[PDB]
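The chain that follows stands alone, in the form deposited in one PDB entry, written as structure tokens.
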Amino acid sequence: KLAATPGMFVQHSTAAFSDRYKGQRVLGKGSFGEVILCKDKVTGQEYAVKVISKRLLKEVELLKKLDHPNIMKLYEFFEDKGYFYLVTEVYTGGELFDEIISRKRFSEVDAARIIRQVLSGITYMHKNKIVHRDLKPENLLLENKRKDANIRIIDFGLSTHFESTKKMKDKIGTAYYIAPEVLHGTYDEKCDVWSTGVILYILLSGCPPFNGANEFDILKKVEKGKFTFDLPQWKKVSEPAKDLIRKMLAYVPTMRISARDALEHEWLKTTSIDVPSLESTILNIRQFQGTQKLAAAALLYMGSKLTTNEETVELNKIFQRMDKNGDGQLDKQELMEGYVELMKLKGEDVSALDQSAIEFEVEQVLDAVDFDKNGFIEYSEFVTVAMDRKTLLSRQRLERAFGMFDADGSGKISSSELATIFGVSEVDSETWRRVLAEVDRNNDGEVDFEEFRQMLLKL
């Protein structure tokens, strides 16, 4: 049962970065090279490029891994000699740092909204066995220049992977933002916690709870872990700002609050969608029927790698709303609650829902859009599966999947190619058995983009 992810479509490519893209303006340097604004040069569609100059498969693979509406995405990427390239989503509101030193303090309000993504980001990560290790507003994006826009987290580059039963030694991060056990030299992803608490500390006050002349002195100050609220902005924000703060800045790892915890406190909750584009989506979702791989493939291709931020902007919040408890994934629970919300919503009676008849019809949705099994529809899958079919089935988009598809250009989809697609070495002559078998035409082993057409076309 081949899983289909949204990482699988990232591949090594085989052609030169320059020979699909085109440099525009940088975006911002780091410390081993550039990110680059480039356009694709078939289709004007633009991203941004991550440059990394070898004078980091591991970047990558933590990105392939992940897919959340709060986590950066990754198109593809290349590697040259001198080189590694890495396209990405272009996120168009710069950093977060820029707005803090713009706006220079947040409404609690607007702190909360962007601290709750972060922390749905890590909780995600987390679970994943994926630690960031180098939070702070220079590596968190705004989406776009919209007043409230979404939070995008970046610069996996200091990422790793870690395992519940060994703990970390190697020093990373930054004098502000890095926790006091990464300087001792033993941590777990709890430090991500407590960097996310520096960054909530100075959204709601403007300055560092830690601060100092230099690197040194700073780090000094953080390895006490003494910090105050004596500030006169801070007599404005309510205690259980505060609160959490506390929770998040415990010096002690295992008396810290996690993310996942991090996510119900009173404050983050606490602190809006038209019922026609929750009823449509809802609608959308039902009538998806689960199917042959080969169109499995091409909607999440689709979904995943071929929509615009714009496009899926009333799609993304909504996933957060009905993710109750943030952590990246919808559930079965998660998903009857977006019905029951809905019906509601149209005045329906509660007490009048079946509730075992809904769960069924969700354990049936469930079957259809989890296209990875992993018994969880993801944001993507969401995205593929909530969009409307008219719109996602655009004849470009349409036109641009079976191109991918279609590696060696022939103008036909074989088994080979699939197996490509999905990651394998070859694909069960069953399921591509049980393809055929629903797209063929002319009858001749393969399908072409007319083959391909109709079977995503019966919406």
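So that the term is clear: the rigid core is the largest set of C-alpha atoms that superpose within 1.5 Å between two forms. Positions refer to the first chain, counted from 1. What changes on going to the form deposited in another entry:
Among the candidates 266, 80, 363, 243, the CA atom that moves 2 angstroms or more between the two forms after core superposition belongs to 80 alone. Once the cores line up, the CA of residue 30 ends up 2 angstroms or more apart between the two forms.
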Second form
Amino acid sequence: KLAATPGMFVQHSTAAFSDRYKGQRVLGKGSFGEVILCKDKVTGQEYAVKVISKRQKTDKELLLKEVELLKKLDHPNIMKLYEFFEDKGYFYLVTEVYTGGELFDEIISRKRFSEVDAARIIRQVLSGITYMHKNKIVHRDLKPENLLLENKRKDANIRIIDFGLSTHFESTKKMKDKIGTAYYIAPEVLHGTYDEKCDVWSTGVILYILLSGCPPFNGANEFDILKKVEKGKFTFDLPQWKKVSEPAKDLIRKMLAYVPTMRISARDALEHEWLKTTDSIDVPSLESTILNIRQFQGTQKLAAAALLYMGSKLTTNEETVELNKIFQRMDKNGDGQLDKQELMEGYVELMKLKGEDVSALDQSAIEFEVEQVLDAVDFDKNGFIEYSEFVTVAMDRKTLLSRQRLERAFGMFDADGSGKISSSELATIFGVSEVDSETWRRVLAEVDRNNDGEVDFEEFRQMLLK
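Switch from the form deposited in one PDB entry, shown above, to the form deposited in another entry and output its structure.
So it's only the chain below, everything else dropped.
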């Protein structure tokens, strides 16, 4: 099968950025260029663009890689990328926008954080990196400056950003490059031999700060701090720690363990007692979402692409707040995936809610029933349901299928503007040279009403609307 993934939709456009976007204001300025809030000139929808001035050939490939990395990441606590434009003088990297600002500013405002708030935040950050490390990718510059809150809501969701220092790592070899930020750098990075557990240390520093308001490793200036850091000794001796629970500190000790091999992993960090620190969902919304997932029947690739496009790229965060809640609770381990058992327990948990008797359950029947949902829903055939996949399938088709979303999807697909989606255009969407004669055949056979060899906007409409 041609594997449907959110990242395939992000392509090198050669349309003029200016033709479709207008700048609203500066969000931040770098050495590279600036990050600019932009609006789609036609829909008014807002995005954040990272604009990079050119100077020659070395610069580009290094970037193409930051992009490719970001395409492969499809996770609720990781930055979402929509597309990228290149100019004679510039690169534009268009992406979703998180308007809540840097967790850094929230820490300078709020000063301290509740055990509840901190746990939710660190759990999310850890889920993001657990996923990353599962994909053999290490972030390497984690800090509150590089964590954005989605919006100005009180308990806003977190996004990890700025993968410009991130890289692939192999468990065979070790990394040597010194990369990170003073307060948050792991001692092995200074030493020159490191692996993914540097990210754990960084996040461990973050946690310490969230709870107490101060960094665990301090000093008068950068060099001083790096000396302190490198010796690794830290204290819970400040008065503010008296009012934090022991389990939180236990987690921190394990995350700031000096010796990397004795340091807890991201994956195991998620399972710590403290991280379930909490303080519900309406049954109707849960019921509908479950019913939508059960009723999703697999389909030809063109529909699968279209739906995934609309779900993964064209829904907003505000639309998916309900869905986001349900997903996170069905993800018992927090790893950013729904697996077979988590799905099965979702159904069971719903059954408890409904008064349906548990013992009654035919475990084998349910298992088979879950296997088939996963088969239908798992767009990329990786055996697991990612966030985007979930949203696509679990949102009420009439809502996701708003008239605007449909029309915009079709326009994206009909790349040559001919009013009709060709097999080559379908190949283009997947990121593949051409489509299997058989898979294209499987499409027309179900969708091509005129019988003119392509899918026009009305044929497209029927296709999803059934």
